[PDB]
Amino acid sequence: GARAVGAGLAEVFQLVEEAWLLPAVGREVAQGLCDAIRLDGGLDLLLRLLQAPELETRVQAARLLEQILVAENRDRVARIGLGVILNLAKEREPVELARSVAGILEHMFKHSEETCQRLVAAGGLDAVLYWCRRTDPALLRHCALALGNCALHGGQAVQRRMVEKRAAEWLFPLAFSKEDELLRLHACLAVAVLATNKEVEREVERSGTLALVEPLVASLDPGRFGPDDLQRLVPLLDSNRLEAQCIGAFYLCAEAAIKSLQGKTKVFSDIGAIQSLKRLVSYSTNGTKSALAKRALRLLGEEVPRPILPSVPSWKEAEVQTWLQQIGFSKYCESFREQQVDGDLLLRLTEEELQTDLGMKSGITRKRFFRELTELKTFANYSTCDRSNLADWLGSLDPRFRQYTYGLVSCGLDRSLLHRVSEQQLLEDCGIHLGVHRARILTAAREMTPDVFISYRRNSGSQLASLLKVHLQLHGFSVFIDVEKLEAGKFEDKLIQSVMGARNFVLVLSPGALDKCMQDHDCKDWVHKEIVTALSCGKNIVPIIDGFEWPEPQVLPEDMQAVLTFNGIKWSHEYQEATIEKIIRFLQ
Amino acid sequence: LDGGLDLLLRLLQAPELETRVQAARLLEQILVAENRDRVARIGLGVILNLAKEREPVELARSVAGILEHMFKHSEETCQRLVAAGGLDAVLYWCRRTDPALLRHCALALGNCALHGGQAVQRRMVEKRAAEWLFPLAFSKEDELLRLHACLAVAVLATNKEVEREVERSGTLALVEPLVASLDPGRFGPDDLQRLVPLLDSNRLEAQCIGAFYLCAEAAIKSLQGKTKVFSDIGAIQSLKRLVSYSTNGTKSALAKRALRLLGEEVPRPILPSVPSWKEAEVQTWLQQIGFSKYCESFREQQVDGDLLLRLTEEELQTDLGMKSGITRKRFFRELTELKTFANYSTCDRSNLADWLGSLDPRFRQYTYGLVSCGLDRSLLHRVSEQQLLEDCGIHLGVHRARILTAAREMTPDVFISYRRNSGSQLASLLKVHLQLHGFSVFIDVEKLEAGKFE
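If you read the sequences in order, they're chains B and C.
Counted the way the authors' numbering counts, the first sequence spans residues 84 to 308, 323 to 545, 561 to 700.
Counted the way the authors' numbering counts, the second sequence spans residues 122 to 308, 323 to 545, 561 to 604.
In isolation and in its complexed conformation, chain B is listed as follows:
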């Protein structure tokens, strides 16, 4: 298309790129071209400049290198990308080119796995995790997507290492930051991805940054805004999770609402995200994800008829036909209607009936079918039949057991009369084909307040509260925070109980934090309520000041006058290792 000049080259002082040597032409250009001159543009000299002394030229060349905007450039740096890591390690000083090197990493993980392993092993994660501690509206938006890449690109050998290094914890503050909603999206995507290898879901949930995804995507709008993210997002809305299915659906409605302004309706036909969206709508018990998926699927086409009724044991021919529509078996919708397949002739179905009558000759198709039948028998509402509530006794062994509930209650078996069943009876009658499930069912049938609380300004002190929470959680203290639940929790109860139950109370005093709380002599402001309840126990309240002038007691109402009597510990955005260890002795 259009053409860019061959800019002159000096190699004299590197001052010639003080404006990056070509701003707003092929780089920082926003025209109808959209193509970077990065191909054949730039060479090895940048690596040398980063390797060089005189940190000013290091900063300039790193700023330039933040535009690894093509495949071959990433390959070529990966061939020699160790000067990057030396830049990381030696450059951890708060000198503010972290905005550049962290962005290099962000752009660099998206390469093959081996790059991610060598970076993570050789102090690569150390930099991004350490710079998720610094305050900047654009550096953090680099670290967040860096971690999201390292988790989404890299396989399990690096996800496990990330989580060992507490990636989810250090990724919490990025999610819980009032400003930069795109930063919250880029942090919650990373946590959702990390919570999709089952070996880690325990630790990610221990972190506390996972649930916060739900009251983040429930509010924002697909009008908000990684190569082939789609084949790497579909495993986010195939998960058995809510905090990850919501992100998968939101990102996919975003990347289907900005697909050439009009979609493409073929890329999703290859990745097969539309079918998984259909079964995300159908068996969905939620509104958030079932609305995001609904509008995304409408953007693509053919919204599913219903979120099908939860009570299978009492469907009829009609409901079953509608379900067969919803699960790709529309072709067989005739035979399941020529045989009057009721809602029991679909939960007491087996392979011989399918093999002969219904036409499903291909054993693969009856393996797919029973995959869907198991994803529906674990969703069903066995209330019209399950007298003794066997389903909860099954789904409490292995959530894949619940599918057998109907088998075990179409034969009278209940909680009482189950200690007298034997493997032959289970196999022939209850239809529990897998010998391992039979063995586990017989075995299980035969044998039969957080440490500290941070109350804070919900508009300015949130940023400091996030870091305090994650620092102290990595220091062995359990912490509760307000917005882990909601933002509208103005009502009195459901959180004060922990406030007196808290073993400590650290208050983030940001400047002007008392503007809304002042003149609220009614104590209507419910953080002013929290400040009032701070003095309830005298439970070692340790205020943390941040540039907030320490106000005089007389202007301050007596319900919170005595709070300032306790000393306020200075907080420095730098050297937080020292401040936290200063704070630990004030905790107990």
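Simulated from the structure, these hints should not be mistaken for laboratory data.
One or more of the hints may lead you astray.
What the hints assert, rightly or not - Stretch-level coverage of chain C by chain B, calculated; a stretch enters the list once three of its residues show a Cβ under 8 Å from a Cβ in chain B:
| # | segment |
| --- | --- |
| 1 | 162–176 |
| 2 | 329–337 |
| 3 | 362–373 |
Claimed, not checked - Here are the simulated DSSO-like pairs of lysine-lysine, each with C-alpha atoms no more than 27 Å apart in a straight line:
| # | chain 1 | residue 1 | chain 2 | residue 2 |
| --- | --- | --- | --- | --- |
| 4 | B | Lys636 | C | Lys173 |
| 5 | B | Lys597 | B | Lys391 |
| 6 | C | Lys261 | B | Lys597 |
| 7 | B | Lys464 | C | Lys458 |
| 8 | C | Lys391 | B | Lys413 |
| 9 | C | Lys474 | B | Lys606 |
| 10 | C | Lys474 | C | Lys391 |
| 11 | C | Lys281 | C | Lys464 |
| 12 | C | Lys261 | C | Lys474 |
| 13 | B | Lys261 | B | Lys602 |
| 14 | C | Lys464 | B | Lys464 |
| 15 | C | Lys361 | B | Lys413 |
| 16 | B | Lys458 | B | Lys375 |
Every residue, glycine too, gets a C-beta built ideally from N, C-alpha and C.
Please arrange chain C on chain B, whose structure you already have, making use of the hints.
This is chain C only, laid out in the frame that chain B set:
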């Protein structure tokens, strides 16, 4: 539609309870799907209204109606309302006297039970929803309120995990002398797919409500019916079965007239004594259970009333034509629903049927099998699983095991007398309060309204 906006939520959140009342009165008209969705997205001000507004200030008539209109949404709404003090308000305002507030609380509870799945029905009953729903059923005025309470109790008594507790309440049986009196001329989105499981139940107190509500919604269907919606929900076939094996008159009259409104009344409630049918009776039954197509074969093989209680899968597979094993799973569903209804008196000498139906009411179907082989109460402690499987035809191994096991081993605290037209309202509340306070209570109209005899 596009009428009204978020400002109402702000007004509810506002002080000056008079404007709260006005805006809540307006918000009682969530009359479209999208409005329910949009409030459900932010419907917490409703719950704060519920909690802070528990004071008898008489806008409960408004907020309770909001809830009534609000449960009908998906399950998650019902769970979040019930958990966050939502049921607390409706159960608290089934304690206040008003001819229109109660007609809101009753239908609210009926929605919460009927819409919401088992996770919320169990919670409702844990909170004693059936007890607090008794007074609404037993209130002499507002017959529509009695209907809207008995529908809710009938729905709650259709998940077997709860039928015990609902029967413990005492508000269940009161449904029978409530629908036997009133008339389909008396008067929930797609209630029908959620009503059919009320007349598929193994209950009388719930089949009567299912049949009455369905004859109502078939007597006011566009002034003339539709005779296609019921053909898709499949309520007509279940109505035919409700008539046929019915032992009662109430439900078998409601179902009869509803089915007449729709079409093709059943030939009769078939004779209760199967062991002595002939070709003709069997053919009539095959008519009544959708097997009309196979009738010819059951008449080409002179299928008597033992050649229908001693039938098995090879005889059906070869002769009678039913090749499709699905259809012979349906057929044995119907054969079991008839062998549990039959009158084994001409054959069952030692009354084995009562010894079986006292283990699992699904056993009674085996009675004929066990008395076409001489087995009786005495000579049953000497039978063994091989004999049961081959001769008695007790296919399911679990049923064989249970039959062998069971064969080898072998005044209320307070009384309220009252005026039957003025003191009934107070008597209901006293009964439910004291039952929730650990006192058993008997009341008059739990039996009848004409019990003048001594």
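Hint check results:
1. 162–176: holds (count 4)
2. 329–337: holds (count 4)
3. 362–373: holds (count 3)
4. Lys636(B) x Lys173(C): holds, 14 Å
5. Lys597(B) x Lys391(B): holds, 25 Å
6. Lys261(C) x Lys597(B): violated, 46 Å
7. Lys464(B) x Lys458(C): holds, 24 Å
8. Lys391(C) x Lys413(B): The hint holds at about 22 Å.
9. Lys474(C) x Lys606(B): Violated, because 56 Å separates the two Cα atoms, which is more than 27 Å.
10. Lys474(C) x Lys391(C): holds, 23 Å
11. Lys281(C) x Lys464(C): holds, 24 Å
12. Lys261(C) x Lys474(C): violated, 41 Å
13. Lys261(B) x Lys602(B): holds, 18 Å
14. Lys464(C) x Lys464(B): The given pair, whose Cα atoms are some 22 Å apart, holds under the 27 Å limit.
15. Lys361(C) x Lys413(B): holds, 19 Å
16. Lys458(B) x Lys375(B): holds, 26 Å
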